[PDB]
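Once you have looked at the hints, place chain B on chain A.
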Amino acid sequence: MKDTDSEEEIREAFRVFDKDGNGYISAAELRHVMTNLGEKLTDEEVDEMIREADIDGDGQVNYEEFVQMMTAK
Amino acid sequence: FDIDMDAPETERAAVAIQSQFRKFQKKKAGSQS
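So the protein lines, in turn, are chains A and B. The opening residue of the first sequence carries number 77 in full-length UniProt numbering; numbering runs sequentially from there. The opening residue of the second sequence carries number 30 in full-length UniProt numbering; numbering runs sequentially from there.
Just chain A, with the same shape it has in the complex:
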């Protein structure tokens, strides 16, 4: 009948970086991960991601927003 959502599937990919389990992942590791792991991204792609990642001035990123973008289109 009705099954869960795949949103959790995408989150799992983020939870990998959230070792603290606080709902956030270090912004710095994201850059390396996006440029070092899986089809490396370019600086232009990374920069766009950073502007959306967060880094307002805390140095941490909430995968929640990334998920919303991935689930807001």
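Do not rely on the hints blindly, as some may be mistaken.
Unchecked claim - Listed next, the in silico EDC-like pairs over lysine to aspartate or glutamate satisfying Cα-Cα at most 20 Å (straight line):
| no. | chain 1 | residue 1 | chain 2 | residue 2 |
| --- | --- | --- | --- | --- |
| 1 | B | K57 | A | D123 |
| 2 | B | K55 | A | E121 |
| 3 | A | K95 | A | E141 |
| 4 | B | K55 | A | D123 |
| 5 | B | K56 | A | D96 |
| 6 | B | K52 | A | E115 |
| 7 | B | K52 | A | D132 |
| 8 | B | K52 | A | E124 |
| 9 | A | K95 | A | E140 |
| 10 | A | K95 | A | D130 |
| 11 | A | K149 | B | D33 |
| 12 | B | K55 | A | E124 |
| 13 | A | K95 | A | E85 |
| 14 | A | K149 | A | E85 |
| 15 | A | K149 | A | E128 |
Treat the hints as calculated values from the structure; they're not laboratory data.
Chain B only, in chain A's frame:
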């Protein structure tokens, strides 16, 4: 980082996010016609 780089799951997870990210950008530039 402090993550299991060796673990295939970590590498696979990176791909899924990146794959979705690339598609996300395309959708933004996408047009109804």
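Notebook entry, point to check: Quick check: which numbered hints come out false for this structure?
Noted result: 5, 7 and 11
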